[PDB]
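Trainee: Each chain is listed here by its residues.
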Amino acid sequence: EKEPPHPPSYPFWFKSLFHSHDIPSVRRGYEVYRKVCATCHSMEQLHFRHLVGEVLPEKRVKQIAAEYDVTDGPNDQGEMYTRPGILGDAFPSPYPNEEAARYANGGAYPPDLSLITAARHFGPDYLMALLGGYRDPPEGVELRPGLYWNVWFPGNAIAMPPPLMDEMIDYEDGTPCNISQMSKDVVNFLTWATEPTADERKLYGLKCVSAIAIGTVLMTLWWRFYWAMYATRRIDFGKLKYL
Amino acid sequence: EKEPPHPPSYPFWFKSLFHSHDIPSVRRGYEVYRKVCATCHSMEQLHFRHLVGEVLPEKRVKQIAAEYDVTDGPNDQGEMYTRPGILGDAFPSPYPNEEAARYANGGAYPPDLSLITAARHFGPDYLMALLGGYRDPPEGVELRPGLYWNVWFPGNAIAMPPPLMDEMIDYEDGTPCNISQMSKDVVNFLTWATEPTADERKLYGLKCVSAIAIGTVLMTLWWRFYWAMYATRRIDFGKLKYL
Amino acid sequence: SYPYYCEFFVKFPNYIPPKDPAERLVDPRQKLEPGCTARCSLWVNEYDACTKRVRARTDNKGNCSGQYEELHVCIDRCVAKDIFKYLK
Amino acid sequence: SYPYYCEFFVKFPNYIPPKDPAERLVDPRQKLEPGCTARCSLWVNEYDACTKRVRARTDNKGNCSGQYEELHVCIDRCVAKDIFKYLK
Amino acid sequence: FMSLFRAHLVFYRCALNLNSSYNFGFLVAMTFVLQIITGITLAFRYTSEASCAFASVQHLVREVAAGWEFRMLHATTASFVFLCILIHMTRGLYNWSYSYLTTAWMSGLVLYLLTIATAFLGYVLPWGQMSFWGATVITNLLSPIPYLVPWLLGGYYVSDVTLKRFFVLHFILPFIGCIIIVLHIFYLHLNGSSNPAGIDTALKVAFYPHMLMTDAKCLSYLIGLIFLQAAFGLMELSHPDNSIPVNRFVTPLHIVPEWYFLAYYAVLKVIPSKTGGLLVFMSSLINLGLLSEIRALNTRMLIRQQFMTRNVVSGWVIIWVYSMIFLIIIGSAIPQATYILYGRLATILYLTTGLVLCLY
Amino acid sequence: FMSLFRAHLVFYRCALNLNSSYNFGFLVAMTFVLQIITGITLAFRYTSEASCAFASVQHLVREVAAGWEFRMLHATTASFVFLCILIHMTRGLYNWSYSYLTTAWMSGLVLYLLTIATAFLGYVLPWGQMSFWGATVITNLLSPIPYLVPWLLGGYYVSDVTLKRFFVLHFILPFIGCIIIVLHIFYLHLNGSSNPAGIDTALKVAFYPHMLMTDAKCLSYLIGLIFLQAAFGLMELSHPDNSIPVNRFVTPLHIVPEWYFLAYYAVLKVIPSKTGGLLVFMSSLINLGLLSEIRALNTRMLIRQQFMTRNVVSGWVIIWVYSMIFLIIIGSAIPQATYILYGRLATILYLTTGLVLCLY
Ligand SMILES: CCCCCCCCCCCCCCCCCC(=O)OC[C@H](COP(=O)([O-])OCC(O)COP(=O)([O-])OC[C@@H](COC(=O)CCCCCCCCCCCCCCCCC)OC(=O)CCCCCCCCCCCCCCCCC)OC(=O)CCCCCCCCCCCCCCCCC
Ligand SMILES: CCCCCCCCCCCCCCCCCC(=O)OC[C@H](COP(=O)([O-])OCC(O)COP(=O)([O-])OC[C@@H](COC(=O)CCCCCCCCCCCCCCCCC)OC(=O)CCCCCCCCCCCCCCCCC)OC(=O)CCCCCCCCCCCCCCCCC
Ligand SMILES: CCCCCCCCCCCCCCCCCC(=O)OC[C@H](COP(=O)([O-])OCC(O)COP(=O)([O-])OC[C@@H](COC(=O)CCCCCCCCCCCCCCCCC)OC(=O)CCCCCCCCCCCCCCCCC)OC(=O)CCCCCCCCCCCCCCCCC
Ligand code: HEC
Ligand code: HEC
Ligand code: HEM
Ligand code: HEM
Ligand code: HEM
Ligand code: HEM
Ligand SMILES: COc1cc2[nH]c(C)c(-c3ccc(Oc4ccc(OC(F)(F)F)cc4)cc3)c(=O)c2cc1Cl
Ligand SMILES: COc1cc2[nH]c(C)c(-c3ccc(Oc4ccc(OC(F)(F)F)cc4)cc3)c(=O)c2cc1Cl
Ligand SMILES: [Mg+2]
Ligand SMILES: [Mg+2]
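Chains as they are written, first to last, in PDB author numbering: chain b, 156 to 398; chain B, 156 to 398; chain F, 2 to 89; chain f, 2 to 89; chain A, 9 to 368; chain a, 9 to 368.
Please keep in mind that the hints were generated in silico from the structure rather than gathered at the bench.
Hints are not guaranteed to be accurate.
To be verified - Here are the simulated SDA-like pairs of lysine to any residue, each with C-alpha atoms no more than 25 Å apart in a straight line: (1) F:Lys32 / F:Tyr48; (2) F:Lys86 / B:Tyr289; (3) b:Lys362 / a:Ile231; (4) F:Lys32 / B:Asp325; (5) B:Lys394 / B:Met384; (6) F:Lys89 / F:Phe9; (7) b:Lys170 / a:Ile231; (8) b:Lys170 / a:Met243; (9) a:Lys172 / a:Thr46; (10) f:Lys32 / f:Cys75.
Stated by the list, open to error - Calculated from the model, a selection of chain b residues having no Cβ within reach of chain a, i.e. all distances over 12 Å: (11) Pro163; (12) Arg189; (13) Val207; (14) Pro212; (15) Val225; (16) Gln232; (17) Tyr236; (18) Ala259; (19) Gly261.
Note that beta-carbon positions come from the ideal geometry of N, C-alpha and C, so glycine has one too.
Let the sequences and hints guide you as you build the complete structure.
Mentor: So this is what it looks like as structure tokens:
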């Protein structure tokens, strides 16, 4: 084997010390997940209540949850039933178990995407490149059905078909849709979903690292205050020279 | 309310320091559980392998396990299936959940009997008395359907119908069956099932308590050996009296 | 936390064989109950007397559960003394 | 263990509005690929030359994956420099 | 540290008239050791997850080699911890040991409170019916103190988060206790121990071998009685309801804690007010602590000999002991008006005897 | 104990020419303190059950207030523990401190092994892919020793029982380390510390305030750099595969441990024999321990000054440092014949430099 190529550095807004997530783009990436990726991928750690006040308002999240049928029970007779979703429910999964997922995808398992940007090298840059790396095979490489060639996937042979194509959904804010736009948006959503506490973490760090730095200066002055009394000291042997 | 009556002391063989379980009676009590009690009660902590070499031989336990249909999976297609039982399986439960159990018993839940003799005061003596305590109600007490009068059950009103009646199963060893015989046998089985390590525990204790006792005697002699040199000591003031 | 608590000075009985094996198809409690019912007669009378006092009251109140429980507890304790002699 | 690792000295670009909103219905990668394909021409020729050497061999062995991967990696790195200028 | 070992356990001089009443401090220490050894061993296979805690204890007994021995030894030895402490404290009240061993008495009281808290934490871990409902009640008597309850549990009820943190605290507190035992011994050997007659004397001998062999003899009896009870089950030290899984919507018919908490649980049960019952708790501890300053409460010079021998007026500690026994019986009974009347009679004796110990 | 506090932290006299190379012992101690505080706090909400361990860590970060801070501080500070220790050990090899501070060197080596074992136990607890497969491999290098593996796991494979016991050991070992730090300091203050010039001198001053303020200044930098990395994520200290659930039937494409174990993992990788690679491990530790007796290995009287200043032949410790750095690069690379060739080149330098330190 060989070392895979390092992906390029895209200028995502969140990459700076002083920056937050880009929420308008996080919203559009959630439409892309719901209408394209959710057909094969689960996000089992996310719950609808996580979106309230951080991405979408409460009344809008309720409408999205209620459009799904969720299993609950047991009832008084010891049976199972279905009901519309509520804020407390988790994102719905497309398959009940892993064996059923592989059976529907030719033996390949689509991984859970709850921590996906923390679970790959280079994270979001890798995901952006992957989504636009499908090419025709090179001379001398023939792939059997169910496999596709990709620049950035280790080994080049991936079992996921190209998920994106120009013009396929209509954003709600009017932004024109294309493969590159959807890629940038879905990456932002999945980066936020990997750790929604990123903004709280960074804002607290700025307050702390700045305070500690100032105290470090003060302690430096207090140390040199005592350093000078012995660095300027005079010791004479035999007789006194100068006062 | 009032304090329930203390049950009488029946002479079970295992009650002595030096005694083991009565295995011939444990065997017959397992037939009683399988053919009468198992219809309403689960024993979820017991496994077929627990019976091998301690109550029944291996080839006989396999035949009993295979007479049940056990759920297993998922298969390669992500589906569930059934198969005959094996030594590794647990005793089968009659209901899937507690809500289904109450629905079939007028709202009352038959408790799990895996630790039953450790979970009631006076244990096996209480269970023996309970099973033969059904009587007609006294003057002035009228019970609604689904309740029965019992001498030893707290409050006297129990929701379990009388489970035993003379002549209902045929033991394999030829012992004649009657209500009192079945009661003694089913109690022995359930006492063993509450802790199968009882015989190992008691036999190790005899070896240990006897050894420790002997060492206690030896340490008593070693202590009095040093006690005597200062208990027989003489101290005189002024002048020496005796040698 | 124990399946049972061991006891001292327990009398373990000897099995009494029957005459006809078909005899033990009926519960051997029936043979011991009459004798045990005569020894608890002090409570048989307190129960019969409490029924009359309740049958005579005008209102629909009163019961005999107290006397009834004491009576049958006395009998069960008398049966336990010997029941295991007839069980394998 | 982090969603991303922060970076220093990142150039955040300014959005370039289009002329007709319907223009951005096609992927704006097509406008940047030709220019980026000319700057990586050193690898376009190594790939075309390796195909001839493989087409001529008698046995059914040989491939051009090595040269092909280097070529398209060069282009993707050239596109990344400016792609976000045309995305909201 | 070997010069400290020989100075305090070999050449230390003691009065010749010591007896077994002065051996129970060593026995308590040995019970801590045994608990630390068996406790750590149980921790290798215990699960704090509420949904699986109860099952992990049973699987430990039913499947693991020797698992029954470590489980039953840990449960039995806990009862012997409190019996030894009780005899240890009663000797002090019989001989007025706190007269001159003041900081030894106070340090001991802190150790007693630490052991109470440790035992309470451990009894919730097996997660049976009595685990859940006993914690719910005992944690409500502290309701008068504001917000002292919802935080220790980290929830609106004794949920699964309380169980995780009770495990960590239970793990830690015994080792803190071992630190305070060192202080306890520091304050004792500062003054030297007393003796049964209550007199000063120059008739002393070295700890080793004479006195060391008495401690060893008593250790043998302790190990034999623990194993006797553990391996045969002669007494009923645990409640059967804790062999039942938790049910949050069904309260058991009779809620009673372990025997070593019963007496004071009865006192708090016969006092109807909830705030007045907790004040009674503080006053009792305050009385025990004040005995450290008994010399100063009267200008007459005290003596250590209390003259209970052949005395028909008895002594206050003896009267307390029987009042405690009487209340253990009340605490184990079903509530009934008659039981409540006598329980209040004994509660007065239980409290008054403590107060009059400060008088002479 | 306050006379010991003032004797060893206030009036203790030190050479005037001390500098920051003598401040990293304090920093290591402070990292232990921070780990104990954050570790205990994490334990209140961690679950050792294999089926739920991985989920308990994520729920801790995603739902609990300030849960991200204690998780990320514990992970970052662990890296700073090993960086400080490395600088601490390198100062000693530069100044030949083990010449007369013999038992201080040996005690330190024991502390180093204890810290290695603790870190290895902690890395398995989150129960991701790297947790499982790194433990499986590192526990097979010990296969030459008979039956040293199947018992530590208590099963036929790194199962759910191994995880329960790694939690208890990880809990305990740090506190044992705190005991050995006391011995370490005992052996140091027995002889007194050295100085950068390697000479005896009477120009000494008291620890407080002059030298105490240098330790405080360095503490500020440590706390600021830990929080900088913890709260912003500038460096990549953890592997991404540990954010994936365990799969027993799928090995990850690249298995590599934490950076502070990489170098010696590379040495063991370029040696084909499995038994010869473990002998190499013992010989290296034996060499470090033998330096405690460097005075006796030659009859010529040694000096502490090694004369690296302006010297073109450098020193053996410097050459070792660069060989270690070179191997960290090899360990992080995909196996390839060319990498293996150079890795063996550096391994020879890595080992030979240790041996020649015993020569003079
Ligand atoms: C012919 C061919 C020949 C070829 C030859 C080739 C080879 C050449 C030779 C070999 C060369 C290499 C040798 C090896 C290297 C080391 C050599 C050496 O020993 O040097 C001696 C040299 C001098 O030693 P020294 O005089 O004893 O001073 C050191 C004392 O310890 C200092 O003691 P102190 O701590 O007590 O400080 C005293 C002083 C302060 O002293 C200094 O500042 C001195 C620093 C060096 C100054 C260099 C100036 C050079 C320019 C010329 C001189 C200036 C003009 C002077 C005019 C004088 C007029 C009278 O205090 C004050 O003045 C008052 C308070 C201000 C200080 C407090 C500042 C706090 C800042 C915030 C802290 C935040 C905490 C962390 C939070 C998280 C992160 C944000 O030491 C150094 O300079 C060491 C610097 C170490 C820095 C570590 C941190 C680096 C962080 C980098 C981050 C990434 C930056 C990336 C770049 C872009 C950023 C935007
Ligand atoms: C062969 C056929 C079968 C038959 C044979 C037997 C078969 C069975 C097996 C063989 C058995 C025998 C084998 C040979 C044994 C050889 C060794 C021997 O004789 O041992 C005695 C020997 C006596 O020691 P000593 O040095 O000779 O003399 C000490 C002086 O007596 C200390 O006196 P002092 O003047 O120097 O100190 C003053 C004061 C200083 O205070 C203390 O020393 C501490 C407090 C002592 C009093 C303890 C009671 C207070 C604690 C209450 C606990 C309540 C429990 C809560 C639960 C309640 C549940 C309802 O102590 C006292 O006042 C002590 C006198 C107490 C007299 C109690 C009188 C009770 C009267 C009851 C009247 C009942 C009336 C109603 C009747 C109704 C029916 C008609 O003790 C030992 O050697 C101890 C070895 C075992 C160590 C303990 C390990 C187990 C821990 C659990 C048991 C705790 C109690 C243990 C005794 C504590 C004594 C202080
Ligand atoms: C404004 C615009 C922006 C720009 C401005 C900057 C912006 C950024 C922010 C501001 C930054 C500056 C702020 C002001 C700073 C004021 C304070 C200051 O200057 O601090 C320096 C000051 C220096 O101390 P000093 O008392 O002045 O002098 C001590 C003498 O130097 C001790 O010497 P001695 O003679 O007494 O002892 C002998 C021996 C005794 O041994 C020791 O002391 C221990 C060992 C020392 C050597 C360390 C290296 C060995 C360890 C390797 C670690 C490997 C890591 C593994 C991972 C690898 C991954 C690949 O020590 C030595 O030999 C030391 C000399 C080492 C020279 C190294 C030369 C390197 C040459 C490289 C050549 C490269 C060639 C290829 C080039 C290719 C490209 C062309 O240090 C402090 O005050 C320490 C404060 C922080 C405490 C540490 C807390 C963090 C822990 C992590 C960092 C660990 C390293 C820290 C330094 C350790 C020094 C011993
Ligand atoms: C079914 C038609 C799928 C749809 C729709 C999406 N994905 Fe998927 N994905 C699928 C499979 C079968 C696989 C396994 C590929 C293999 O060869 O093993 C994947 C894989 C991924 C991955 C992992 C890539 C890696 O490096 O391991 C990612 C990050 C991923 N998929 C993302 C993703 C996105 C963003 C989608 C919506 C645009 C999406 N997938 C849809 C199956 C299917
Ligand atoms: C369904 C017809 C049952 C059969 C067959 C058996 N049991 Fe049962 N049991 C049943 C119910 C509905 C209850 C609850 C009673 C109530 O009022 O709550 C029980 C209860 C028990 C108990 C618990 C008694 C107690 O003190 O709580 C025991 C020990 C018990 N049952 C034992 C038992 C045995 C030995 C059986 C076979 C001989 C048996 N039961 C059969 C329902 C039914
Ligand atoms: C004086 C010291 C100790 C006392 C008095 C004590 C007391 C108890 C008690 C009463 C129980 C409940 C037993 C039961 O009913 O099942 C218990 C359980 C437990 N204890 Fe201890 N304990 C002590 C020390 C320790 C230590 C030091 C540890 C671990 C380091 C420990 C670990 C455990 C565990 C894991 C359980 C649960 C298992 C069980 O309930 O059987 N204990 N403890
Ligand atoms: C873990 C708990 C305890 C341990 C390990 C312990 C240990 C000891 C030991 C070894 C002794 C000396 C031997 C002896 O006299 O028995 C002693 C003496 C003493 N202890 Fe304790 N003890 C504990 C709790 C207590 C308590 C709860 C009290 C009182 C409230 C107490 C008060 C005393 C006193 C007053 C003495 C001196 C007795 C005298 O010399 O007259 N101790 N203790
Ligand atoms: C938990 C780990 C350790 C702690 C907390 C610790 C602590 C300390 C402290 C506070 C000092 C005095 C201040 C200083 O010189 O920095 C010191 C000195 C020393 N330590 Fe460490 N140390 C640790 C590990 C080690 C190790 C791994 C070694 C060597 C293998 C070591 C060997 C020494 C030596 C030789 C000195 C005396 C240096 C001299 O005076 O020349 N220590 N240690
Ligand atoms: C020198 C002392 C210690 C070191 C070097 C150390 C190291 C580590 C490391 C490397 C991890 C894995 C972090 C990760 O990748 O997620 C970890 C996890 C953990 N440690 Fe520590 N630890 C120390 C002390 C302690 C102590 C004293 C405790 C508890 C008393 C503790 C409790 C835990 C727990 C519960 C975890 C699992 C949570 C997690 O993985 O984030 N640690 N430790
Ligand atoms: C004169 O001689 C004596 C007087 C004594 N006086 C008192 C007050 C106590 C005592 C102290 C603390 C304590 O802690 C408590 C645990 C649990 C609770 O609450 C509940 F509900 F029980 F759990 C209340 C409280 C329980 C009891 C003694 O041991 C004691 C012993 C002797 Cl010899
Ligand atoms: C001349 O200067 C030096 C020489 C040094 N020599 C050695 C041999 C070491 C050392 C000791 C123990 C150790 O422990 C090990 C952990 C893990 C393993 O195995 C594996 F695979 F990595 F996990 C093997 C081993 C790893 C490395 C040093 O630190 C060291 C430091 C300095 Cl300054
Ligand atoms: Mg006075
Ligand atoms: Mg020499």
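Trainee: Next, verify each hint and record whether it holds.
Mentor: Hint check:
1. Proposed proximity of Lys32 (chain F) and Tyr48 (chain F) is supported: the alpha carbons are some 23 Å apart, at most 25 Å.
2. Under the criterion of a C-alpha separation no larger than 25 Å, the hint pairing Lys86 (chain F) with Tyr289 (chain B) is consistent with the structure, at around 23 Å.
3. With a C-alpha separation of about 14 Å, the suggested pairing of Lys362 (chain b) with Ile231 (chain a) holds against the 25 Å cut-off.
4. Using a Cα cut-off of 25 Å, the hinted pair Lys32 (chain F) and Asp325 (chain B) holds, with the two alpha carbons roughly 23 Å apart.
5. The hinted pair formed by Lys394 (chain B) and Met384 (chain B) meets the criterion: a straight-line CA distance of about 22 Å does not exceed 25 Å.
6. The straight-line distance between the Cα atoms of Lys89 (chain F) and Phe9 (chain F) is roughly 23 Å, inside the 25 Å bound, and the hint therefore holds.
7. Distance restraint check for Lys170 (chain b) and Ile231 (chain a): the Cα-Cα separation of roughly 24 Å lies within the 25 Å cut-off, and the hinted pair is therefore satisfied.
8. Simply put, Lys170 (chain b) and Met243 (chain a) have alpha-carbon atoms about 13 Å apart, close enough for the 25 Å limit, and the pair holds.
9. Between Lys172 (chain a) and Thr46 (chain a), the direct Cα distance comes to roughly 20 Å. Compliance with the 25 Å bound is thereby established for this hinted pair.
10. Distance restraint check for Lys32 (chain f) and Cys75 (chain f): the Cα-Cα separation of roughly 16 Å lies within the 25 Å cut-off, and the hinted pair is therefore satisfied.
11. No beta-carbon of chain a comes within 12 Å of the beta-carbon of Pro163 (chain b); the shortest separation is about 18 Å.
12. Against chain a, the non-interface label of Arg189 (chain b) holds: every CB pair exceeds 12 Å, the least being about 21 Å.
13. Every C-beta of chain a lies more than 12 Å from that of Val207 (chain b), the closest at about 14 Å, which supports listing it as non-interface.
14. Look at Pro212 (chain b): its CB is around 21 Å from the nearest CB on chain a, clear of 12 Å, so calling it non-interface holds up.
15. Consistency note on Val225 (chain b): stated as away from chain a, and its beta-carbon is indeed over 12 Å from all of that chain's, at 20 Å minimum.
16. The beta carbon of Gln232 (chain b) is kept farther than 12 Å from every beta carbon of chain a, the shortest such distance being approximately 30 Å.
17. Consistency note on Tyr236 (chain b): stated as away from chain a, and its beta-carbon is indeed over 12 Å from all of that chain's, at 27 Å minimum.
18. For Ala259 (chain b), the requirement that its beta carbon stay farther than 12 Å from each beta carbon of chain a is met, with the minimum near 19 Å.
19. Here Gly261 (chain b) stays apart from chain a, with its beta-carbon at least about 17 Å from theirs, past the 12 Å limit.
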